[PDB]
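A.B. asks: Here are the chains, one letter per residue:
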Amino acid sequence: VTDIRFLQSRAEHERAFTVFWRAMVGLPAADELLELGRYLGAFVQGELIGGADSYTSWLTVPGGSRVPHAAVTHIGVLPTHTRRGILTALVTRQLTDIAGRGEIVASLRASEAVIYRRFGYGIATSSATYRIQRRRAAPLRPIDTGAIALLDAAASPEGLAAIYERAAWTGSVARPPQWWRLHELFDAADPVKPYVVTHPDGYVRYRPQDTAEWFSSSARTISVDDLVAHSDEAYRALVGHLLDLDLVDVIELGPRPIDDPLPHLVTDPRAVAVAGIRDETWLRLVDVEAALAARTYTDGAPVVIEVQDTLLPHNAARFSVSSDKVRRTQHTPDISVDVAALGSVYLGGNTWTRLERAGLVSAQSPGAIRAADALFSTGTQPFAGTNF
Amino acid sequence: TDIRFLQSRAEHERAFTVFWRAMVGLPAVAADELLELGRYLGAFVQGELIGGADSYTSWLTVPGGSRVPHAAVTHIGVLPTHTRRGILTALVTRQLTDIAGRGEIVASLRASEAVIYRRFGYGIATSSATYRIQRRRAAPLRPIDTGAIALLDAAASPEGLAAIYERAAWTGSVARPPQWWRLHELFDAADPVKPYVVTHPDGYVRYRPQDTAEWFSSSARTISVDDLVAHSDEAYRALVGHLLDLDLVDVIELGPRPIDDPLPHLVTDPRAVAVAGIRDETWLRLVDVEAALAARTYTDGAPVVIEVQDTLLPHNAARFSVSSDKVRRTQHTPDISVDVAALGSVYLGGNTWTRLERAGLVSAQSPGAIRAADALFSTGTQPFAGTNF
Amino acid sequence: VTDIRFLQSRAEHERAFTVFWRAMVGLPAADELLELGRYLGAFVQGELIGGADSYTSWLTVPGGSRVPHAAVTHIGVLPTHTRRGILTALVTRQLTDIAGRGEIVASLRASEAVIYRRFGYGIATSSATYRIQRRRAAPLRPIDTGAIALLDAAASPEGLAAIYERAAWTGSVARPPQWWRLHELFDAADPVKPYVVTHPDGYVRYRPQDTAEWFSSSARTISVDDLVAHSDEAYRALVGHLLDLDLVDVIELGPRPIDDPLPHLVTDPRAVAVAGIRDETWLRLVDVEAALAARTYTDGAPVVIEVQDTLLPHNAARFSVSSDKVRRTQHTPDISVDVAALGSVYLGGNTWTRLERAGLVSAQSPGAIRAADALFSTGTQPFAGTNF
Amino acid sequence: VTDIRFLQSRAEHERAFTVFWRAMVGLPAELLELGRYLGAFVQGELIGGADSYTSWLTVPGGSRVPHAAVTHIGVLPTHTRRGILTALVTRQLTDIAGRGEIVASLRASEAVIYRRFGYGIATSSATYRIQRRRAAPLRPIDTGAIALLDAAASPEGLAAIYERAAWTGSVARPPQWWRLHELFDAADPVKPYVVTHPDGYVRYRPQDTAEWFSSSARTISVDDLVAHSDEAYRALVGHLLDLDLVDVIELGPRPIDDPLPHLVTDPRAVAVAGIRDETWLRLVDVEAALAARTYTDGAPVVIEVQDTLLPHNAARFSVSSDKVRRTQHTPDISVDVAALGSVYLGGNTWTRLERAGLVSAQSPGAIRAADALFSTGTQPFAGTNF
Ligand SMILES: CC(=O)SCCNC(=O)CCNC(=O)[C@H](O)C(C)(C)COP(=O)(O)OP(=O)(O)OC[C@H]1O[C@@H](n2cnc3c(N)ncnc32)[C@H](O)[C@@H]1OP(=O)(O)O
Ligand SMILES: CC(=O)SCCNC(=O)CCNC(=O)[C@H](O)C(C)(C)COP(=O)(O)OP(=O)(O)OC[C@H]1O[C@@H](n2cnc3c(N)ncnc32)[C@H](O)[C@@H]1OP(=O)(O)O
Ligand SMILES: CC(=O)SCCNC(=O)CCNC(=O)[C@H](O)C(C)(C)COP(=O)(O)OP(=O)(O)OC[C@H]1O[C@@H](n2cnc3c(N)ncnc32)[C@H](O)[C@@H]1OP(=O)(O)O
Ligand SMILES: CC(=O)SCCNC(=O)CCNC(=O)[C@H](O)C(C)(C)COP(=O)(O)OP(=O)(O)OC[C@H]1O[C@@H](n2cnc3c(N)ncnc32)[C@H](O)[C@@H]1OP(=O)(O)O
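Protein chains in written order, with the numbering used here: chain A, 23 to 410; chain B, 1411 to 1799; chain C, 23 to 410; chain D, 7 to 392.
Hints should not be assumed to be uniformly reliable.
[Unchecked claim] Derived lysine to any residue pairs resembling SDA-like cross-links, with alpha carbons at most 25 angstroms apart:
{"no.": "1", "chain 1": "B", "residue 1": "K1604", "chain 2": "D", "residue 2": "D191"}
{"no.": "2", "chain 1": "D", "residue 1": "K329", "chain 2": "C", "residue 2": "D321"}
{"no.": "3", "chain 1": "B", "residue 1": "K1736", "chain 2": "B", "residue 2": "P1713"}
{"no.": "4", "chain 1": "D", "residue 1": "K197", "chain 2": "D", "residue 2": "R211"}
[Stated by the list, open to error] Residues from chain A that face chain C, not an exhaustive set, calculated with beta carbons under 8 angstroms:
{"no.": "5", "residue": "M46"}
{"no.": "6", "residue": "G48"}
{"no.": "7", "residue": "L49"}
{"no.": "8", "residue": "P50"}
{"no.": "9", "residue": "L100"}
{"no.": "10", "residue": "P101"}
{"no.": "11", "residue": "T104"}
{"no.": "12", "residue": "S133"}
{"no.": "13", "residue": "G298"}
{"no.": "14", "residue": "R300"}
The hints are simulated quantities; they were obtained by calculation from the structure and are not laboratory data.
In this text, a Cβ means the ideal position worked out from N, Cα and C, and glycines have one as well.
Modelling step: build the complete structure from the supplied sequences, incorporating the hints.
C.D. replies: Put into structure tokens, the structure is as follows:
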């Protein structure tokens, strides 16, 4: 009755866009936004009623390695065909196809947080929203900003793509040409054009809010939609530019890392308030063995992790993880966990102790948890400054 | 201007009114019930007491579980008629030197303003979070065993809850002396809404219903959890599971809680748990840096040499070789340079070396020096106190 | 000093539109949206300074009969000519002209509730606005939905007009071609296009709200502007479709009947909240005898209602009303009421007991009020769902 | 394991109160009728309960039927989802039947609890906000019989005025109810004004008194308006509209069809600020309830009632203005007892419940004939909570 196959014609590609938009209901150019050969379709009695797509991408794992990543998106089923196992059919077929392509991880941005964990996706990174009261944000230590250059209207999508390409922070994802084309359209839809300030090692985009009432007796606020900084000097210089921007009362940064050292840049840490925290990267480990081997660890003793994976039985095994070697093992495990929770830990956005506390990790010794956290610990919280 | 310790009870009573004046907006009990007799410092100009700073004999749990001698600093304040004259600096300098002589190695406080104490070496070492849970959306991801849960609402005593709290082992946890419990006896008496107290063999939870006059209103029946003590993973799930299953409750507000509280991982809908706010908590001041670094545990990494800057306590201004095996003073060239305030921020695991280096508070001489230091100091849980003073 | 005549030129029709817009102050080709030979103009010293218009329409009265109805609208006088009796002159001529056309009722939508009762208009229907918390709205009984069809971009204004034409609910009014052309203009101006879902016996139009901030932690809301259901099965199927939309958090229905059985469709009636109730149909009985005879009654004993009418003395008489016959009588009345309050009861939107409680009905015999409610009682609250 | 019995000592009744308060969680901190409180005991400890009061309820036609005012229902959170409430409700309803009472009603804390037991939403209440400056009377309103009785009001005197209540949906206010409201009035520092009429009274309290003499909207709140006559109703409301310092008058709870908008020249001065379910009605004896109410001079209709908890009501009833008896004739209408309760007081019609899928018709005119019989002129309303 229901057939799941890859889309193959421009007519099928265009219909999948209409189907995906319909399922999203409230989402605000034709097929120059897609990558040919990765769009799955769900057909009942002939008509296309759902689908799931992905893009060839990479993902930066702890240690800087850039792993093959499938950026899953465009998932949706028409309301006339929901609750029939169609998404499950799409996701199972998609992950198997992602595996055959040599890709090691897949990630998405969930429209609802109750959908994808049953398929092995785990919340691996989170994002924060900061509101800075600029009048209270004098820098604790001097900030240079000498290399700052204004590029407001002269900025191009090709120039910002060149700066972003050298992104090295953990959790960062590829921004293909199709992603920049999509944001060319978003920029055209907003009448307020964004300011672009650059540094030799980064840039920052910001837009004024309620401009019709700028001179009012309220908080003139700007909104930063992208902050790319490949060096500590660039991070401080770019942030320092905002703290020194005249006429600005409130600076809103979002999405930003949950451990962004904004409170440590100012004499008054309370000038920086966290206005919200949200789940970001839903990571699905497609090849668990290859994923664990692509990431780096600390000089600890090896720990054996038994992973449970129902959709991909190839990952259901025991792995000895160490800074020296990652191998399949038959030794008794130190930790047993499902692939979804392993994905939550994989990028460093969660620890083994906290997932065990929630009841998602089974330990054989109280110090097995400590040993595993000693290996997997990272210095920065992972963060994907990009949505798709 | 004379800075001396208070001695007579009249001076202790006057220092409380002086502290209340400095706080301006703080909400009848003898001062001796809430004070430690030999620990209150006073600031005198002419005969008049115009400021002071106090502390309590306490402990603090550092990474590794060790319970370190800790000075719970509080009651700090100067009258507005004597501010900007160096009086607080004289109080803090005398207080920190006295804390050192008592053999206590750390001091912590709760700052009324975030712009006061970093100049004295205090660093934000822990933070607290506020969660709002939409109970209808918070069905447990895995089944939660609540059979050991017992209702103890009116039968709870300050002495009985103190016995459960004493077994606190989480990093950042601080002592709750009898004076702390006496103070919260008064806060409970002032509030007409009495709190529910639900217990588990390894913990307890206190919660209070909000706007009771409009309880049956359209919607948004909220409860407020002011204390969640759980010494076990099973106790943690049972106590939270008790909250998620409470009938008639629409919104559950937890605060203050650890910033890494695994509430989003307990429920099928992580977005049923929303972070409503994050605030600085522990302002930590390392009084004996060497003894503090030696009391905590580290991972099996290579040693790192940290050069510490300390202006108030030059005894700490030195170079320390930090490793899981030994912590000693060294003359070797350092791998990392930091002031004592930022070292305090990292000490409990609430900050990493990379993020402080990014803010310009850490100077590295090798690229991997930061990575090596974070490998040693990293911890699995964010530090958290859950108690104020 | 003041001349009242019908407009006859397109230049006059265009100015009457400018006068009406000026009188409305804050309201957002005109001959395409107008019906000629029905627009009255008020001329002072030659210049057009006010007017009153109407459309040839019908109105569904209790029992299903479709009576000749004058859809009055476009009433307005310039602020430089108010409080001079011009509206009273406009309304008197209009109602007399409506009477000569053989039309028996007139209705309008009042901009202010203090204007039209002095002319015999009474509030005959009211409308409600519902907000449904979708997560709490599981159906009490299973609702089928196989006959539901998505028709979003394939919908035509002509097709929905064909579905609306079968309207049989009490209070429903004609939607002339001019009305649909007017709503073509509203739909073209809004960049957000509406979803159109159909059933063999009805349809429903809905629009997503704040689409720019759809994925944020704020309740994703849709707004239903039209719900047409000619059968209980169509009503349940269409509403059931809304309750099953996967990404929707809040459903707003409005305007809807004040007795819409939404709370009885769900296990949690409090998932449906009434966000407001407002007067809708201002009904004016032009031919009281013909109106009373066109509607149906219950098998009760006749009651004699004495109607007071100052503008139209043809209605100032006593009428013996029963399920069998409606006649003029000289017998002593059982009930005395002005035509304005009779209009309020005429569609079933009010009862005789409550209007007597308000002091608008006088009873001359014991039990006359009780008897009158038995005849005039209806099972459904009247409702138009259409504005003009 | 779990034992369900009636309480027998005041010590048990008092703990049942604390257990009820515990289950209610956030309810604010003698008041009982002995011999009507059911308790749930596991190993000698009381962990749940359900209580009721001897009361009456005004059904269409004015008849005052024996009514069980259900309240105090609650189970400790350590013993929920084990069938204890179902055991309490089953025992309670069978006990209500044995006492000769024909209806039971309650005020539900959650709307998702009691329908499975046959309770139906029979009345709803509304909250009105009147912009007093815009509320001039449409017709002149007399008020010479209005008398200020503010501090001279007594619980015993006001209870005598309420006793003459004849509107459909009204319930008895026992002495225990007035004692409970004596306690609420003593706790509130703002004492209520009490204005009387020969046929009614009205209680009102000023809102936010601390900022009265200079703010945006000085509002008063009317918590009780009892009026046994059209003249008393207009006089009492007219008194409120003529209070010189009041900007906004808030009435609640009031009937959903309160003719306030028809009293003023500006109907939009009266806004509906909210609508909430009120009476959850459970027909304990369907036949006797159908007989106690009045109907119009229509043709008989046969109603088939479904009732799982009380099979005595599972039958077919011929309803007419002359006679209500059990019959074996094929029914014209089929309904479960919960939905029949929704219509019983006139707060719902057969057409709207059928449209919601709660009524099945066997004849085309059966729905229309049933509405002809059951129609009432006033929406039912219980100006009282318990
Ligand atoms: C990467 C992105 O683009 S995120 C965008 C996701 N898309 C949307 O939100 C569009 C709107 N929604 C939809 O299109 C659909 O509801 C989908 C795709 C989310 C789900 O499609 P379905 O065909 O209904 O899924 P399926 O039948 O396989 O359900 C599998 C299980 O997940 C559950 N489930 C699926 N979707 C949801 C949901 N939205 N909320 C809660 N539970 C869900 C089902 O109950 C079922 O559980 P069960 O096995 O215990 O019965
Ligand atoms: C643990 C606790 O209880 S926290 C409670 C702290 N108490 C209060 O906040 C009460 C209100 N404030 C006060 O009483 C006083 O302002 C105090 C105690 C904070 C400071 O007392 P002072 O006598 O003015 O301090 P002192 O003169 O030594 O100032 C030292 C430096 O800190 C600065 N400083 C002190 N307080 C503040 C403040 N509230 N805001 C900003 N800067 C301050 C001074 O400007 C000075 O800086 P400088 O050396 O560059 O000139
Ligand atoms: C169907 C629709 O389109 S409704 C749209 C109605 N139009 C508007 O609201 C536009 C703005 N207003 C206007 O154009 C004018 O004020 C109108 C049309 C409301 C009234 O026109 P006028 O020529 O001033 O009316 P007119 O002089 O005949 O007044 C008759 C009586 O009604 C009263 N009246 C008229 N309008 C109002 C009002 N808005 N508020 C209160 N009373 C009014 C007058 O006071 C007068 O009472 P009186 O005899 O006791 O002195
Ligand atoms: C008249 C008055 O006083 S109203 C006051 C009502 N009391 C309260 O609201 C206090 C808070 N709630 C409680 O104490 C309890 O939840 C009670 C009393 C409502 C229910 O007690 P329980 O022992 O859990 O009821 P019980 O186990 O018999 O449940 C019977 C059914 O109703 C359902 N149910 C019972 N209470 C609820 C509720 N609050 N929400 C949703 N469903 C419920 C159960 O799921 C069960 O359904 P099922 O047969 O499909 O599995």
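A.B. asks: Now tell me if each hint is right for this structure.
C.D. replies: The hints, checked one at a time:
no.	hint	verdict
1	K1604/B <-> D191/D	21 angstroms, holds
2	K329/D <-> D321/C	18 angstroms, holds
3	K1736/B <-> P1713/B	9 angstroms, holds
4	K197/D <-> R211/D	7 angstroms, holds
5	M46	6 angstroms, holds
6	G48	3 angstroms, holds
7	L49	6 angstroms, holds
8	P50	5 angstroms, holds
9	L100	7 angstroms, holds
10	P101	6 angstroms, holds
11	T104	6 angstroms, holds
12	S133	6 angstroms, holds
13	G298	7 angstroms, holds
14	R300	7 angstroms, holds
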